[PDB]
Amino acid sequence: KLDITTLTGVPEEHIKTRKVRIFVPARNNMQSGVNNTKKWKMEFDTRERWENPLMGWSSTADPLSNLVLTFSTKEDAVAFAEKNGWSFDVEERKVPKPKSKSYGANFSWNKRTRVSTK
Amino acid sequence: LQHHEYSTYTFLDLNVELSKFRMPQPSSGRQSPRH
Amino acid sequence: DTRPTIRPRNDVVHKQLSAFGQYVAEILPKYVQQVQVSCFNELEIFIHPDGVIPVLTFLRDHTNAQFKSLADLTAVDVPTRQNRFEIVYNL
Amino acid sequence: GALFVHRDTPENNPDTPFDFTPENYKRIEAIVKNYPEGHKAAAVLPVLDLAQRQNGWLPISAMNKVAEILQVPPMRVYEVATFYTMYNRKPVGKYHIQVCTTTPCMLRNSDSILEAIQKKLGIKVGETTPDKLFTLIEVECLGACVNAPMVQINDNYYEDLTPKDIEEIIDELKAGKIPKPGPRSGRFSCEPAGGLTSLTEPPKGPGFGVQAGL
Amino acid sequence: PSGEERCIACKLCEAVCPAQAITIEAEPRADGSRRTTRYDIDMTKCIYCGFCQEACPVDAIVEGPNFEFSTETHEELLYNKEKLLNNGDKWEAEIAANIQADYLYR
Amino acid sequence: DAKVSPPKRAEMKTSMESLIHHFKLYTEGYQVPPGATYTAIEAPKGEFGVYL
Amino acid sequence: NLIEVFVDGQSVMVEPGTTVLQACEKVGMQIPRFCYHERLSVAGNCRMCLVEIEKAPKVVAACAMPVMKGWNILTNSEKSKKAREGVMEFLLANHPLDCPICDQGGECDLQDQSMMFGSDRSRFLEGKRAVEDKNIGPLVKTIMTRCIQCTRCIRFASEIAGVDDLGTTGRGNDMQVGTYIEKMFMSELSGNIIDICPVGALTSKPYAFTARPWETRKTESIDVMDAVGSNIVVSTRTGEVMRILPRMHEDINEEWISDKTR
Amino acid sequence: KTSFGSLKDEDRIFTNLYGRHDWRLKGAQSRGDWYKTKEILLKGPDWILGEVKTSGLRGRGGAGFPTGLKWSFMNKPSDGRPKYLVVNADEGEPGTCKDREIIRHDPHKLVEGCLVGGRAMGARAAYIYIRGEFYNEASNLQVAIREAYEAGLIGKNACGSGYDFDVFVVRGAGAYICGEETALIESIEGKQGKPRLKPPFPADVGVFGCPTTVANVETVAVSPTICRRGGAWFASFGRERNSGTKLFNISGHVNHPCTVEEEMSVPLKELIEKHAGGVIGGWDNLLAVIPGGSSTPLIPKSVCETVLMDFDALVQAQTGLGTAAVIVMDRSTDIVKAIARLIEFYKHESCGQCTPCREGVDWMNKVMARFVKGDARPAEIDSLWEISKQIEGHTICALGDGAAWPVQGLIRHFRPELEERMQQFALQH
Ligand SMILES: Cc1cc2nc3c(=O)[nH]c(=O)nc-3n(C[C@H](O)[C@H](O)[C@H](O)COP(=O)(O)O)c2cc1C
Ligand code: SF4
Ligand code: SF4
Ligand code: SF4
Ligand code: SF4
Ligand code: FES
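Chains as they are written, first to last, in full-length UniProt numbering: chain A, 58 to 175; chain B, 101 to 135; chain C, 42 to 132; chain D, 36 to 249; chain E, 134 to 239; chain F, 415 to 466; chain G, 43 to 304; chain H, 29 to 457.
Next up, chain A with everything else stripped away, as it sits in the complex:
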């Protein structure tokens, strides 16, 4: 098994305490486009983001707070997480169901699908 953890140079705190999530990003509900929901992505766990005293900017001590790796398939992401010794959490991809849509149902004769306005 690949154990490249000793070669990546990551400190121990960010190898064992981390919790990598492997998922396909959900579609932005504000848009009908689905081009972003095609590649598997890998992100770490959110950590403390305190307020900088001088300016109020959101400070952080998490070096891995902006890492978003994109993978073609779930298996590749799982393998990459196993390579670096990161506790991965895979979420199964959710694909919208095929839906039976009929424009003629808008004017049904004995059904509730009859619309009152167009």
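Keep in mind the hints are simulated off the structure, nothing from the lab. Incorrect hints may appear among the rest.
Stated by the list, open to error - List time: in silico DSS-like cross-link candidates among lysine-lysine, alpha-carbon distance up to 30 Å: (1) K71(H) with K427(F); (2) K225(G) with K260(G); (3) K170(G) with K427(F); (4) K98(A) with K170(G); (5) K170(G) with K95(A); (6) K71(H) with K54(H); (7) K154(A) with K111(G); (8) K170(G) with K156(A); (9) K71(H) with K239(D); (10) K239(D) with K81(H); (11) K260(G) with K417(F); (12) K66(H) with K68(D); (13) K401(H) with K239(D); (14) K54(H) with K239(D).
Use these hints to put chains B, C, D, E, F, G and H with the ligands onto chain A, whose structure you have.
Relative to the frame of chain A, chains B, C, D, E, F, G and H with the ligands by itself:
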């Protein structure tokens, strides 16, 4: 030239007189498909 | 298409590069895995990692391939592959 | 020119008094009986027409009453009332002068008729007479585009008009009279102005030209 | 000219900034308009590229003509919204004149 | 090509299509078709190349 | 039962009654659309999904037209491109220059589809229309000048919410969406009309002006307001919850969340 | 036959167009109506459909679709739902007044046509959708239908044929778009007059969600005469595939505007100069003529000189037959102003549902107004042509096509006038 004997309710009054001649309407199976 | 906005495409260089790629693939079938010519007339030869020295030495010394100058040598990290590191030679 | 949003007013509010007379209710019953059961929503247009014909215009209370009677959402009745042009959502005058300004009419100098109406009534297009007797509004072809300038006052067509003829019609209306509908040039119908070029012969009669046996 | 800020908090000046020097926070003001509550640019991170003034659709953020504003402490270079507004009011006459002289090329 | 180069500010403040593209080019930018290239020029110090 | 149709020549087996848009989605082509929504009745009025069927002289509406066996759908043909450009030009002819001030900016379907399928300039030399705003409640901020009359909100109300209050008043270029009377669109699912609306006509009043989509960090979580356990996305920016958006789960909440959850 | 355009009064289907006789049941029966109607219905739907097909009848609404096959589309076994016939009496196309005369002066012919068509299509009833402005005509039609009910011609056991059939008159509300078949169906159902999207076609899903067929008043009223006198007799008039007797409305700048039932494929010049006294000022003063109402592109005097008034001949002439409404404009007419007024009509009579229609019709209206003022540039004519092409074919209803076609015809036949007016406006300023 018989069009000047028609009042506002002439069209609707004639429709009322025809209600007896009209045969029963069909049914969709509910009072309104909203039901 | 045509008109100023589009970039003109040169078919002659495309044909020449495709022919030379076929030539290289024929000469070195032991290491050459794939040959491509991009639409902007750039030739790429894909080589099995054991073929670094043979293919480069051929492309440097062969009379029909005098790539005597190493323009660049870089790597591309694609962590979605078994061999994430992709070493690229520019001659 | 009009607004398609309703602002509550003392003369036009949801509490404005309106209700169908019992004879109008009988007419509504017949109208609903016209359409198949389960589709009584098909009567929105005729019931709104009846409400406008009774009240004169369509207050919001009239639309709400129509929706209540037909058991349809009030928004559907609002859509119907705003989509069509014959529904007056604001009070109009006693006589609703409507002039066709489409190309067929325009070619026959309908603008002369419109100018004559404006000169006589003293109100521009869209205005109402100070005595609330006449309302002027331009419209599109009213389906009699072959009969010179034509104005529709209430339910009657006045065709083959001339400025003098329109002045006379307005005078008759203001003097409490019923002007004769139809062409005002001398012709009785869409026939040619001078001399019938067709249908001069008497009708053939029943059974004429019956092919074989049928 | 009315005296009101041109900045309508579209945040694309922050989005285009290649150094991520601009920090913007906005809320619906008491009038209901789009006004920033925080507009902070650290001159200690800016690359003086101009992309901000080129992206602004209302000519609000504008790199002015001043270049001699050296400070004795690092903290003075972390500009607030108040600092920028004050700067704009001070150099407006010149900034306007420069815009008028150059806006036809933009 | 207003989908690569931003439109003029006069066009941006008068044209809906120009404002959309100006908005997108300065927030997301133009999408570049997938591929790779090595473009080199005769820089004053020699050959300067970029493998994009 | 599966009939055979072709999308750009490639064969694909689809059920009878399948629409052109679904046939193209099967192979991976997402036809541009404004009026069509998967969970609403087919309207067919935005006309953005017009595509060219091979050997046919007229462009059909992919959102409504059911496929017939043997059809070859030319998604990227010149007729389709010209139809999309013309429809986008007509949509943007009267659209207001509010992109900097529109909260839909950066996540606007009209912007992205103009960038991808529309032209790059305007031939509209006339004056744009303006629509009086309608107040429909304390949650949905309405700027009706941006409405493209896609009738998504009307259909969503009338079908998913059961509230037959939204509708179109008038006709022609003067058609206006919204309640005819000054009425409040009161529903527990009213918040979703903000999401279905492609343009920034309907926007979240609490979320107004607070942030831009590209800067927000999306965290996928689960709702706890009720016992449904709806899947939501917590959009945070610089360590602060900016908004809550639904996350698609066909078996729990489909595409919607309640007003409390939102 | 070689030359057409001279119909004998014995062959005219509508023998009371001008209202010179009684329009009631007695007058209609004296003029041949309702003769052997029982036998026609007892022939069978197939026989009626065959007669309609053999007559070569095409739609008088404006589309010109083959009537026989269109009606036979409904000839299917019942699926448990009622079947209806819908008569299009909206008549909103500018210049079109033929159905008004039919309803006002020959109403019993329309009722008999409704009965025959419903028998042919197995329709339970007939909803006649008359224009809302046509109130006196609606009253006349209601009186005729009441007389038919009293005589037993319609209703239960219609004409003794054992076929149950009702005729309903539904008044309009003032929308030209309600002339569209699907929009008319929506208006009957009580919604806004917004046209549906096909498929489903009315022959499968129509009024109240039931199989339906929308047809013009003339197309329905000519059916009893076709059935009685024979399909061959009807096909004997006009060119092949353009057979029949057509009602023509001659409006605009003509000496004697009128409406006459001439034979199909009649020469336009013969039709104008014979039944209307020619153009005002002579045929040498004719600028352009719109042959089929407003939705049809205009044709100049050169085309009008030798052209036949039928579907195919006008189609070849880069226009259409439409409703056969012949609008005549003399050379004193501001043709740009007239076309702008037509585009304004289409703007004011737009459902506003489809994006191309709703936006582009108003856009073209503004552009045409600026053209009328001359306040534009010569480069904008091609832009307007492209806008019209984007509108045409990309809409739900054909009102987009009906608004693009006038602009296309004007640009094709009078572009020099537009450019000259633009030059005039430029020079003055
Ligand atoms: C904008 C528009 C207006 C129309 N107006 C009429 C009309 O006034 N009368 C009519 O018979 N058909 C009209 N039509 C055509 C109808 O849609 C339908 O095709 C016709 O009524 C049926 O003709 P047919 O059955 O005789 O073939 C109109 C179509 C459009 C698109
Ligand atoms: S300065 Fe300009 S670009 Fe930046 S947020 Fe304000 S208005 Fe937008
Ligand atoms: S000049 Fe403007 S865009 Fe450039 S780095 Fe500085 S703040 Fe950012
Ligand atoms: S809705 Fe979209 S296109 Fe319209 S102004 Fe807002 S961001 Fe721009
Ligand atoms: S308000 Fe939004 S969802 Fe409703 S019709 Fe307009 S664009 Fe569509
Ligand atoms: S997506 Fe099909 S017409 Fe709008």
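Checklist entry - Hint by hint, which ones does this structure get wrong, listed from lowest number up? => result Per hint list: 1, 2, 4, 5, 8 and 13 violated.
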